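A.B. asks: Take a look at the letters that make up each chain.
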Amino acid sequence: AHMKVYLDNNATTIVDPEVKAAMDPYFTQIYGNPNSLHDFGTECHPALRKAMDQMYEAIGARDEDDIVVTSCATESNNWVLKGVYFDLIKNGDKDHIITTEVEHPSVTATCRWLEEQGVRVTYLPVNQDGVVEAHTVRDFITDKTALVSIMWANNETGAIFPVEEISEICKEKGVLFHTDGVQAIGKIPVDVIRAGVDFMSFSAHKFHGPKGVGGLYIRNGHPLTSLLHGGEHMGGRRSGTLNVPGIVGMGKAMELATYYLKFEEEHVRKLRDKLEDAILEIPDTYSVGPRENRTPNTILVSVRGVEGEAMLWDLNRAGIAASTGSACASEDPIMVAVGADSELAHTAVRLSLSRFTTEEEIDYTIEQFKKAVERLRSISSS
Amino acid sequence: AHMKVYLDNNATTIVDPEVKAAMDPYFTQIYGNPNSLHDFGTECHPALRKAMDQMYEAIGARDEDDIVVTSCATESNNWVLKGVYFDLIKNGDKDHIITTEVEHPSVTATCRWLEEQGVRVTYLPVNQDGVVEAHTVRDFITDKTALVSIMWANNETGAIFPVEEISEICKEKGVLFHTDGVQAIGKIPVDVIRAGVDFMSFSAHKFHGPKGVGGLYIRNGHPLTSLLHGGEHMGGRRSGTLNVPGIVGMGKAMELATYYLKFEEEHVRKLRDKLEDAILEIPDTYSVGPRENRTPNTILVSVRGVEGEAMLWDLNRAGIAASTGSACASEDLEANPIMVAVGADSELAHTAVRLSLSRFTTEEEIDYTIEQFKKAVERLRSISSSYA
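Read top to bottom, the protein sequences are chains B and A.
Under the entry's author numbering, the letters of the first sequence match residues -1 to 330, 335 to 384, in that order.
Number 386 marks the last residue of the second sequence (the entry's author numbering); no jumps.
Excised from the complex, chain B in its bound form:
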């Protein structure tokens, strides 16, 4: 019968009960402010130390590097972009920023505002594989380009970007490299020195951490004008009282994410493959992006004659939670990723699994997906 099933994990994830249990004491039992000197404030210090160590270990950062705890990855992207604009463009000799058209709104709208501040930005268009290659940014760097900001993995298609090669090209030309790694943590191996990035954004509520806490990785403590001034929190890089429960839960979730990636990647990937094979068995269906360079939990299927929003609605009525993704038509016939702002864009259904997805959920989802496609095709003009 009716069964509630969650497959919109790329938008947000359930908080692991272990993460919530790790967070629980730091509301009422342990509540002191960590910058105070009395025992109430210092009581949480070992927990904060352990959480920061878990984060450093989870992304492979070194001791010279910095990991600043933000409120969200949106804050991290705003901070990196506007700070490099302030440092190298308004008070520097630069005026160019390189990014892609398929970035998160926290990057796109900030860059548009920066364009309103006179900054030249080239949003690199995306290829059939749902990726931007390194030779493109390499051809697009000038002597006045301040920063290259390219997401690690896309949240609609799950396509993984070649971060190491882009970082190499950026280091040779001497321009800083920021990556939006929110879709990378918990789904692909994350080593910020092997990836060669100067800045990385990530968000806890995407790998089963709590909402309201994010992070910014900075390599070797590179100077970046603070977005929040005030006290000397986070080494004087981001003022405001520490979100102690957020930090503790974020550390626990990041450790758990690396653990379930290292031992349990086959389970999420096997179930995703099962679901995708079953869905593509329906005639005139196409999964966007090659699977061998896609995160193990993501499917983006475009159904012909049916509209993506109608499929999402009928699925939600069946208790299945999914999302949308922009795709366009092409030949080589394939459906490919495209910016949401295109006039040739249609909406495909995005299904994103997690380590909590069961095989019963996948069977129910397969049955209901077939049911919804046949039913909505029964009403289509075509």
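By construction, these hints were calculated from the structure, which means they are not laboratory data.
Beta carbons: idealized from backbone N, C-alpha and C, even for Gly.
Check each hint, because a few of them may be wrong.
Covered, in the sense of this in silico footprint (three residues per stretch, anywhere, with C-beta under 8 Å from a C-beta of chain A), are these stretches of chain B [to be verified]:
(1) 100 to 113
(2) 118 to 132
Derived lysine-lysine pairs resembling BS3-like cross-links, with alpha carbons at most 25 Å apart [unchecked claim]:
(3) B:88 x A:88
(4) B:88 x A:142
(5) A:169 x A:142
(6) B:142 x B:88
(7) B:260 x B:272
(8) B:142 x A:88
(9) A:373 x A:2
(10) B:373 x B:272
Use these hints to put chain A onto chain B, whose structure you have.
C.D. replies: Below, chain A without anything else, positioned relative to chain B:
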């Protein structure tokens, strides 16, 4: 002699068990993203609506006004200051900001950075009563002042500022008014329409809410360039996925604060007065700021022979958590020695002990604190040769 007693509530407060219980479901049971269309995401919508309604009712805002949920009051202060700088100074006809020497670092360091961006800032010194009067701001407002930012109540002395009259002077001269009201919620009646304020910052963990959530009140949805761009969260004014547990707990905590305000004015004030009277029984002790204009939970005591930090450490070894406050010596019109508030960056500033109670403070804690405070004063005066 050890019993743990928390008297540093102006720095942060314990999360009310009811607030945590209201927050609990929105981690694992109800986790969908509110911006999604499916039932998982929309399940939390009534809770978010109720929390926002609680905030609107708690500060007396109107329906036309806006309450944008930030990550902390530091975010709200940075946002207001840098946004008015961007709107009216860099892309406007203004170049002046008026503030006080006793603001929180989130205001002061931002104003210093804006000074590094060419903005003229007047840090108004504070009067004997530890507040800034409306006629002073009136003398300092010109035709090129973009914003006046004065805290609602001070976190070191607890002195309440005459915010309504300052707002009147600002309305007469047509200048925007922002107040840092973090120390006001739960301690004094807060009506942002009676206060005539244009912006107000507040932080949940100062009134028994969770850390990681704050708020900014804006009058009539006044235009203010966003600090965080991206999606259309909070009416397109502050992007980033909503801190659903933070919002729910903040709303619950603000409702509880408005309920407990008369408790805090009656019983907590009686306990604060007990502690302060007992401390002033010690010779050569001075309470900073008049009590009749002070929040009901705060004492800032200066001791003559002893140094403040050693007193704090001795108190913490006795299990008592307190904080510091800047004070300098002066006289009253009686020509009697009194201790008065001063900015922390003054060279004539010395550290006084700040004790801040909450609705959870017991009379047992207060008796124990009285005994340990006298003990520590006697012990540190006994070791000095200069104390007379």
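A.B. asks: Would you check chain A against the segment 118 to 132 of chain B, counting CB to CB pairs closer than 8 Å, and say if three or more residues qualify?
C.D. replies: Check failed, 0 qualifying residues.
A.B. asks: Has the given pair, residue 373 of chain A with residue 2 of chain A, been kept, meaning a C-alpha gap of at most 25 Å?
C.D. replies: Distance of about 16 Å is within 25 Å: holds.
A.B. asks: Below or equal to 25 Å on CA atoms is what counts here, so check residue 142 of chain B against residue 88 of chain B.
C.D. replies: Distance ~12 Å between residue 142 of chain B and residue 88 of chain B Cα, so the pair holds.
A.B. asks: Can the restraint linking residue 169 of chain A and residue 142 of chain A be considered satisfied, given a maximum Cα separation of 25 Å?
C.D. replies: holds (15 Å)
A.B. asks: For the pair we were handed, residue 88 of chain B and residue 88 of chain A, check the Cα-Cα distance against 25 Å.
C.D. replies: holds (12 Å)
A.B. asks: Does residue 142 of chain B pair with residue 88 of chain A here, judged by a C-alpha cut-off of 25 Å?
C.D. replies: holds (24 Å)
A.B. asks: Between residue 373 of chain B and residue 272 of chain B, does the CA-CA distance stay at or below 25 Å?
C.D. replies: holds (17 Å)
A.B. asks: Is residue 260 of chain B close enough to residue 272 of chain B, meaning Cα to Cα at most 25 Å?
C.D. replies: holds (21 Å)
A.B. asks: Count the residues of the segment 100 to 113 of chain B with a beta-carbon closer than 8 Å to any beta-carbon of chain A: does the count reach three?
C.D. replies: holds (count 9)
A.B. asks: With the threshold set at 25 Å, check whether the alpha-carbon distance from residue 88 of chain B to residue 142 of chain A stays at or below it.
C.D. replies: Holds, because 24 Å separates the two Cα atoms, which is no more than 25 Å.
In summary, the one numbered hint that this structure violates is 2.
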